[PDB]
Each structure stands twice: as structure tokens, then as C-alpha cells.
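This is what each chain is made of:
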Amino acid sequence: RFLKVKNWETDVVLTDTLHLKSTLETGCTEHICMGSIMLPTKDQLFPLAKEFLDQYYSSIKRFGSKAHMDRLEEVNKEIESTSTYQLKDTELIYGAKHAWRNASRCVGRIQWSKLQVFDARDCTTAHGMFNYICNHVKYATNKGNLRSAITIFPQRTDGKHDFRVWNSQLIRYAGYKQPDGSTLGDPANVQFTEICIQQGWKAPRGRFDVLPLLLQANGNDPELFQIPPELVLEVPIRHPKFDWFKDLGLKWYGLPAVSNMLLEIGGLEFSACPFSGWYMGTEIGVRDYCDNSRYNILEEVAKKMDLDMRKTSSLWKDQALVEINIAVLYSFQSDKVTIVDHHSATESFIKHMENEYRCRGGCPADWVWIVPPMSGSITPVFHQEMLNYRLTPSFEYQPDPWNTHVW
Amino acid sequence: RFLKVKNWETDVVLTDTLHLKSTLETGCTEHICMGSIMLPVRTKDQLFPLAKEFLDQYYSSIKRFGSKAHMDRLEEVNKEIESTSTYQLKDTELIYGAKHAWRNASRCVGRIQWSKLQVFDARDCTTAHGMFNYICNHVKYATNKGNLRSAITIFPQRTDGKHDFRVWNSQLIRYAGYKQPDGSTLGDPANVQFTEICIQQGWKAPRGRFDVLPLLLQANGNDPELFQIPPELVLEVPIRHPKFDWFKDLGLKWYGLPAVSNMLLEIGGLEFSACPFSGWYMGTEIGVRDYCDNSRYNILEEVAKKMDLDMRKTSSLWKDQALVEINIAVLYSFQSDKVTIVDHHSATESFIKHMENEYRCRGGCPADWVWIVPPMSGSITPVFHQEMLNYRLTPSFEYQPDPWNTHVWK
Ligand code: HEM
Ligand code: HEM
Ligand SMILES: C[C@H](O)[C@H](O)[C@H]1CNc2nc(N)[nH]c(=O)c2N1
Ligand SMILES: C[C@H](O)[C@H](O)[C@H]1CNc2nc(N)[nH]c(=O)c2N1
Ligand SMILES: C=CC/[NH+]=C(/N)NCCC[C@H](N)C(=O)O
Ligand SMILES: C=CC/[NH+]=C(/N)NCCC[C@H](N)C(=O)O
Ligand SMILES: [Zn+2]
Numbered sequence: 299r300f301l302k303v304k305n306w307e308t309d310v311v312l313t314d315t316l317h318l319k320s321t322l323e324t325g326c327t328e329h330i331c332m333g334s335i336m337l338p350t351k352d353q354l355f356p357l358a359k360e361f362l363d364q365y366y367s368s369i370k371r372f373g374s375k376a377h378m379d380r381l382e383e384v385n386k387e388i389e390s391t392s393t394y395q396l397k398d399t400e401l402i403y404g405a406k407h408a409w410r411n412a413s414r415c416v417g418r419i420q421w422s423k424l425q426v427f428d429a430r431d432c433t434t435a436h437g438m439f440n441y442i443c444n445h446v447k448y449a450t451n452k453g454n455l456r457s458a459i460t461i462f463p464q465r466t467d468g469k470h471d472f473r474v475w476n477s478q479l480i481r482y483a484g485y486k487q488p489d490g491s492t493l494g495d496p497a498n499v500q501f502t503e504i505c506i507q508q509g510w511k512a513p514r515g516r517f518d519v520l521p522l523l524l525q526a527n528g529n530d531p532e533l534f535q536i537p538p539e540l541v542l543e544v545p546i547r548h549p550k551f552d553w554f555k556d557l558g559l560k561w562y563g564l565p566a567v568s569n570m571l572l573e574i575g576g577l578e579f580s581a582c583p584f585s586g587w588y589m590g591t592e593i594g595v596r597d598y599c600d601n602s603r604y605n606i607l608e609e610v611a612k613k614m615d616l617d618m619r620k621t622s623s624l625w626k627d628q629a630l631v632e633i634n635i636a637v638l639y640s641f642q643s644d645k646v647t648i649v650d651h652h653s654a655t656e657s658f659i660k661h662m663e664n665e666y667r668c669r670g671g672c673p674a675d676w677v678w679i680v681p682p683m684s685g686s687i688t689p690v691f692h693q694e695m696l697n698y699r700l701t702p703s704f705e706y707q708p709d710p711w712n713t714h715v716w
Numbered sequence: 299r300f301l302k303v304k305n306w307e308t309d310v311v312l313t314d315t316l317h318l319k320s321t322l323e324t325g326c327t328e329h330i331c332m333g334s335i336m337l338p348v349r350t351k352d353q354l355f356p357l358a359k360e361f362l363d364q365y366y367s368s369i370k371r372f373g374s375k376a377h378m379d380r381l382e383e384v385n386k387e388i389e390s391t392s393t394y395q396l397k398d399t400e401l402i403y404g405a406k407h408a409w410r411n412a413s414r415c416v417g418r419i420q421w422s423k424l425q426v427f428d429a430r431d432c433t434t435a436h437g438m439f440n441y442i443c444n445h446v447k448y449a450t451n452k453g454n455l456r457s458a459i460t461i462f463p464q465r466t467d468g469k470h471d472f473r474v475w476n477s478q479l480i481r482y483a484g485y486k487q488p489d490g491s492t493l494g495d496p497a498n499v500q501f502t503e504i505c506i507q508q509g510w511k512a513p514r515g516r517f518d519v520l521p522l523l524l525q526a527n528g529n530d531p532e533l534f535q536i537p538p539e540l541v542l543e544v545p546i547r548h549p550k551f552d553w554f555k556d557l558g559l560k561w562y563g564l565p566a567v568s569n570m571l572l573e574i575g576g577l578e579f580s581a582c583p584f585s586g587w588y589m590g591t592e593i594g595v596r597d598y599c600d601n602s603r604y605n606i607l608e609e610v611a612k613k614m615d616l617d618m619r620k621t622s623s624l625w626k627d628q629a630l631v632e633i634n635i636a637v638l639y640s641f642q643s644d645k646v647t648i649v650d651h652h653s654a655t656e657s658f659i660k661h662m663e664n665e666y667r668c669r670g671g672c673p674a675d676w677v678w679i680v681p682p683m684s685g686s687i688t689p690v691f692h693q694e695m696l697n698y699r700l701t702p703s704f705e706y707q708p709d710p711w712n713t714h715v716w717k
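Chains as they are written, first to last, in full-length UniProt numbering: chain A, 299 to 338, 350 to 716; chain B, 299 to 338, 348 to 717.
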């Protein structure tokens, strides 16, 4: 099978054959596309394991070898008597780097292979989980020069001894809903912040309060911990020309670390696998700062810019939005903290994508997510057609822990 | 069957039941999504069900489903197809279909105006000159001295596919593109090929930067012909900035009437290969794509340079900065000349409203997110945060091969 993909800005056409190895569903059918929808056992386990192992050995150029077969049999036997199996270190690294390589919503996959993997499978407690996480945060932050990483905790067994990190990200500001009706801090975390207070945390009720980690180990009740403040690198936001900007009182954290997702390798599930890399400007300046549902800072910034906010046709929101992002990129670069803008990031992804086609025969990509939330059509990925499909190993969403935990 | 669509900025949830009446394919499977792909002679036995389908709709809409009138027509059409292999739509039905083809345009963010559409029955047309007259009347009614009106002119429906009527230009009004030996491209790159066909056909290009192309009309399947739209009929707008008095010196202007002319309109199985339609522009179309697309007028460098911004490193966002101003200029100029135009903020907000309405009244509103969301400031418009369901419903506007790649010259 061959599927064509054209870039209408360079006319370059690529052929996709990788989609043939697609396994899971998309949510779409022949009668309806759901492209813009946020989120649509022993016998089960062995095929998946086999599939994975074949992939691995095929990648190392030992497909069929005795080694291959031995492992193939070893795993089989193991699943036969234990109802599961453990991944050799090498396969875990591959498994992880590849779940990334397949993240159809990640624009920065050009860096997929350069990933630091921390095997946290020997962990057994929340305190243990806390030591690991602290080590991960430190390695990755690296004094401003970020490095990609992921710490993987014990894999699921019976689902009743699940390891979970209740935060959505290792680092995020608390959200407090006032009687006033408004919301202080990050609206997006209002619920979680509540659960922290409810568990004991003592909220400083500030605008940018670094939430506490709520770690759950072996299925037991989650415990709270405070990331060592000296480990949380933050950048104060200032404009390269608006000296009044700094008076906005804006700051953000430099380490983006998604922690609420689930990593699947060879049929195995890792309900706790925090991973970090680095930010693309717009993430903070466009979505976090300007989304109506977040810090919603357009009004202010505009006012302080003295623009005709009387009529929408003045594009005051557009003018402000560009300035707010200049500031973000400016700040980070000035404090020498890693960060990439939407122009570089997207250009990169195009090269990567081009490489992925020649080397792998494709690159699953979710356009709705790859294209930045600003200046869309002036980034090359806008004019780039993309095919979306799911490949394992993979990163998946999973129910919020509080909505499923048997206390 | 019920499908839920959520808006993550308001938490509003809508239920789609209209997708159930979806007919055609999307290009998507359960295994692969092609949402971001540009574009993934009927028999007589195929025709009737379609006609029946259509007629049932039409009548169900006027609250006359099953009536005698309903049945007679159903029988009348069946009989006609039986003896002629096709069938003429009654005036009332043609209007219904056109309005609904637009109503179903999943890629249209301006569908809130779907019902307010002027239909021009050009089915009695028979020659290129004839089409020329018709198109002039359409341009004039539509422009309306600057206060634009939606309209569509419908020419003879296809029959044997050898007597097709076609409008070769993609939009009734468009600037010519000329490729120079230099390697560069003068005017609109997007039209280079079509411009050539025009010159090759007899047109005498002024070889300027904003030359209004000539119409190339094909009637009854005969070779296309040339015509110049009456200048006094082509309303144009010179672009200038509300604060940059050096802007005007950029030498930019654009036509006020956006009028697509290369699509095909399907009503009750019948195919209309020539059905030019026009409405009005959303700023970003000109301001972002036509001016700033790399493969278009590519004016970012200039606007940036004259704005004197740091173009050394991308992280200074000079492009983002220049673009906004350029869009400011387009909206400004158009408002100054009292030429209808809408900004991406107003248009998208309206669409959300129209979309919600459509769910309550119709039970869905097929929409292509990849196309609805503006090419700039994407997330600060409501539609970005809006989930959408894409599916095809007829009547409809479809794409069709370029006529120069299919015509059997005489
Ligand atoms: C090197 C720096 C990286 C950059 C610049 C980058 C950039 C992005 C961006 C812009 C998003 C969308 C974020 C959002 O809108 O919420 C994203 C999502 C994603 N990235 Fe990357 N990424 C990087 C590293 C990583 C790493 C290290 C992994 C995996 C090991 C990865 C996995 C993902 C996943 C799972 C998603 C989708 C999350 C979701 O569905 O919400 N990324 N990335
Ligand atoms: C009232 C003014 C209107 C506005 C502001 C509006 C706006 C839009 C915009 C912004 C696009 C995308 C353009 C592009 O990116 O190339 C579009 C596409 C579309 N609109 Fe509208 N529209 C209007 C009137 C109409 C009318 C009157 C019809 C039909 C009678 C219609 C049918 C469609 C169709 C068929 C498409 C997709 C065309 C394609 O696939 O290339 N629109 N509209
Ligand atoms: C409704 C729509 O799916 C939603 O707004 C999506 C669109 N694209 C996105 N793209 C990225 N990168 N991140 C997001 O959170 C979203 N939100
Ligand atoms: C490749 C991708 O499908 C293509 O660039 C699409 C995206 N969205 C669009 N949206 C609109 N309105 N118009 C376009 O031409 C496009 N181009
Ligand atoms: C964990 C590394 C992924 N890299 C990222 N740049 N972002 C992940 C999501 C971050 C989220 N969009 C935010 O603004 O906080
Ligand atoms: C014909 C009416 C459709 N309404 C529109 N606003 N646009 C149609 C496409 C015009 C195209 N985007 C352009 O810039 O030339
Ligand atoms: Zn799809």
C-alpha cells in the first residue's frame, strides 16, 4: 500500500508505507472524521510482546537470530508462568525512545533518539518515587541547559498496585478559586490544587505557587512532597523594549514535564513515567498566558500597550499576542534557559519528517496539534500534509487517578 | 447513534445526529486519519435514488413530506429520468439545493449567511459570450458599489459529459502571474499556469503586478473563449496602513470580490460543472495567505525591512510582527473604502454561534477544523477550542479536475 503526502509550498511529495503497521483505531471512519477531537491478559499479552521483540531485533539487525528466538521463547515462558514479563534494560530504552518517535502530536520528535532513560522499576515507595523524580528534575534542568529525559516506575501488574503521579506535570502553578467567583493562579489546576489542600498541603495562595508532588506507589494512597526549591528553575518574563512589562508580574517554569501519561511497551503498561524536554515559545506565551481558560492576560498587555481595544478589527489581540511571545522567548534566552520558537521547531519537524519518510517510510503526525496556535500559515508545517495513525510502543492518556483510586 | 462535541474554552457539549445522513466517504479509515489532506457521466439507475433523496429533503423542509405534490413530483422526475436519462430541477428546488450546498460546505466559516444567497438561473445559457454576459451581471449585482451580496450563477447541468460548461479561471477575478526567464515570478505565482493558457489563447498580458486576468469561458463543451471583465465592474482596494505612511508605497492593492469559479455543484444527483459563487473576504485570506504565503506575493521581507525589526534571528518574531500589521492594513483599507470585509475574530465568533444553532435545529454542522481555524492567531479565536465533526452531505460543492487537463479540443 502507498499513500501520498504533498507539501503545497514546495510541491514535495512523500510516500507513506509505515501506516500499514498501524494497529489501533483513530476514532475516524469512512463516514466521519474526528481529527479535531481531543481524545476519541496472557493470550492478549504474548502477541504484543512478540510484535515488540521482533521490532527490537529487527532494529539491531538480528531479526531471526538465535538471540531473537531465545528471548522470544524466554518471554513466552515467562508470560506463561507469571502472567507478564520484564523488559531487559536495552529493550526498555528502545521502547521509550520509540514511544516518543511515535507521538504523532509531538513537533519536537527530531530529538527522539537523544533521550535519557532512568530505570526506576526497582522503586517501591512514594518517598522512593520522590528521590527519583528529584534526580530527574535536576538532570534535565541542568542549570538552564535542558536535557530530555524520562523516569520509568514499576509496570502495572493487577492494576490494584498501580504507580501514579497525580500531577499532570512535575512542575505547575497552583490554582485557587475564590468566593469572588474569579480564579487565582492557574485555572487549569483548580481541581488538583484542591486535592492537595484536602490532603494537607498548605497553599500559599499566590499567583504562581509551585504545586507539591502527590505520588502514589504500589497502589497505596498518594503522599505529598515539595520539590526542592533550588531544583525548580523559573524565568521572570520581561520585554526587550517595554520596560513596563516586568510590572506585569509574570514568570514561568523552564522544565515542561508531562507526568500523567501512560507508556506502553510490548503490551506492558507503565502508569507512571514522567518525561521532560523543553518548551516551544507559543506553549507558554500563547496558550498558557492568553487562553481565555488560563492566565488570560490579553486585556492587560493590550491596555498597557495603549491600543484601540474598541473594535476587533484593530487586531489589538493579535498585536498583544505577538509582543507577549517576544517577551517569553526573550526572557528564557537571557537567562540562558533552553527554549525553541515556533519557526525553528516547525522547520525542524519538517526535516525530521522528511528523514522519517526515507528511513522509516513514514511519520504519523496530528496536524491539528503540530501547527502552532499562532502564525500558523507562516510555519512550514501548515502547508505540509500529514497522515495520522497509532504505532506502539506509545504514550497514551489515562483516567485522572482521583477519578479511579480505591482509597 | 449520538456523537459528542466539546468546546474546551466554555465546556459546552453538543450532540450530533446529522452525521447519520452522511453518504460519501471522507478518505479516512479506522486505521488512518487524512483530515489534513487537501483533496482525498452518471448512470440512470444511480440517478433516481439520488433525486428521490433530494426531493424528499426539499419537501420535508417546506413541511410537505408525503403530500400529493411530493409524490407527483417524485413520479414526474422518475418518469423523466426514465425517458431522458436526466431531469430538470424546478426553480424552487435549484435555489434550495444551492443554499444547501453552501450550508453543507464543511470548510466554510461564513455559513452563518447560508440562507441569504441570491441565485441566478443561467440554465438557458448556450454560448461563451452568453456566459460572459451572465458573469458580468453577477459581478455587478454582487459587488454593489462596495456593499457585497452573496450570489451564485448556475449554468447548464452536465449531460453526457462532452457538452460541459466550464469557467477556466479559478475565481472570476484574479491577478495574473508571469514567470520570467530570471527565474522569479511577477504577479501571482498561483496563477502562472492559467495566465500562460490565456496568453497562449490570445490574451495580451500587460505584464504588470496586479493585472486582472481575462475570463476564459467554455460553453456546451466547445473550446473556451476570452473576455475582459468591464474595468468599471472590478472594484479594487489599494492597501495602506493606518499609521505607516510608507505602507502605501509598497504598491499593494487587491480586488474586493472573492468569487470561486472552478468547483462543481451537485444537486439531486445532477452535476453543475460551471456555477461561480461569491460572497466576501475574511481579512486573513488576503492579509496572511495571498500576501505572506511564500508561494504568493511573499511580502514579509519588505514589510519587515521597512519596519526595521531584528531580522537576524527568528526568535525576535519579526515575521509574526510584520504579519499582524499587514493584516491591520487590509482590514483598514477595506473599511475606509466601505468595501465589505470581516476579520478572523468576528467571523469565527459568528461561526461558533451559527454552529450551535445548526446543532439545535439540524442536529449537526459538519466542519473541517483544519480549514475553519484562521491561518494566524489560531488559538485566540473560539473555533480553535471547538471540537468538530467532518462528514459530507449533499447537495454539495466538490472539486473537479482543471479543465485544461481534460478538455477535448476542437
Ligand atoms: C525536546 C523538546 C521537546 C519539544 C520542543 C516538544 C514539543 C512538543 C509540543 C509543542 C507539544 C504540544 C504540547 C501541548 O500543546 O500541550 C508536545 C507534545 C508531546 N510531546 Fe513533545 N516535545 C519535546 C520533547 C518530548 C519528549 C522528551 C517526549 C517523549 C519522551 C515527548 C512526548 C510528547 C507527547 C506524548 C506529546 C503529546 C502530549 C499530549 O497528547 O498532550 N516530547 N511536544
Ligand atoms: C459571506 C461571505 C463568505 C465568507 C466570509 C466565507 C468565508 C470562507 C473562507 C474564509 C473560506 C476559506 C477560503 C480559503 O482558504 O481558500 C471559505 C471556503 C468555502 N466557502 Fe465560504 N464564505 C462566504 C461565502 C460563501 C458562499 C456564498 C458560498 C457558496 C455559495 C461558500 C462556499 C464555500 C466553499 C465551497 C468553501 C471551500 C472552498 C474550497 O474548498 O476551496 N462560501 N469560505
Ligand atoms: C478542539 C481542538 O482539538 C483543541 O483546541 C486542540 C487543537 N490543537 C492543539 N494543539 C496543541 N499543540 N495543543 C492543544 O492543546 C491543542 N488543542
Ligand atoms: C496541508 C494542509 O491541509 C493545507 O495547508 C490546508 C490547511 N488549512 C487551510 N485552511 C484554509 N482556510 N485554506 C487553506 O488553503 C488551507 N490549507
Ligand atoms: C515533557 C516534554 C514535552 N514538551 C513540551 N514542550 N510540552 C508538554 C506540554 C506542556 C504544556 N503545553 C505547557 O505549556 O505547560
Ligand atoms: C466565493 C466566496 C467564498 N468566500 C471567500 N471568502 N473566499 C473564497 C476563497 C478566496 C481565496 N481565499 C482568496 O484569497 O482569493
Ligand atoms: Zn480523520
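Careful: at least some of the hints might be erroneous.
Derived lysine to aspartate or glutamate pairs resembling EDC-like cross-links, with alpha carbons at most 20 Å apart [claimed, not checked]:
no., chain 1, residue 1, chain 2, residue 2
1, B, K302, A, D309
2, A, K550, B, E323
3, B, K302, A, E328
4, A, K302, B, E328
5, A, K302, B, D518
6, B, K319, A, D309
7, B, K486, A, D309
Because the hints were derived from the structure by calculation, they are not lab data.
query = So which hints don't hold here, by number, going up?
reply = The structure conflicts with hints 1, 2, 5 and 6, although it agrees with all the remaining ones.
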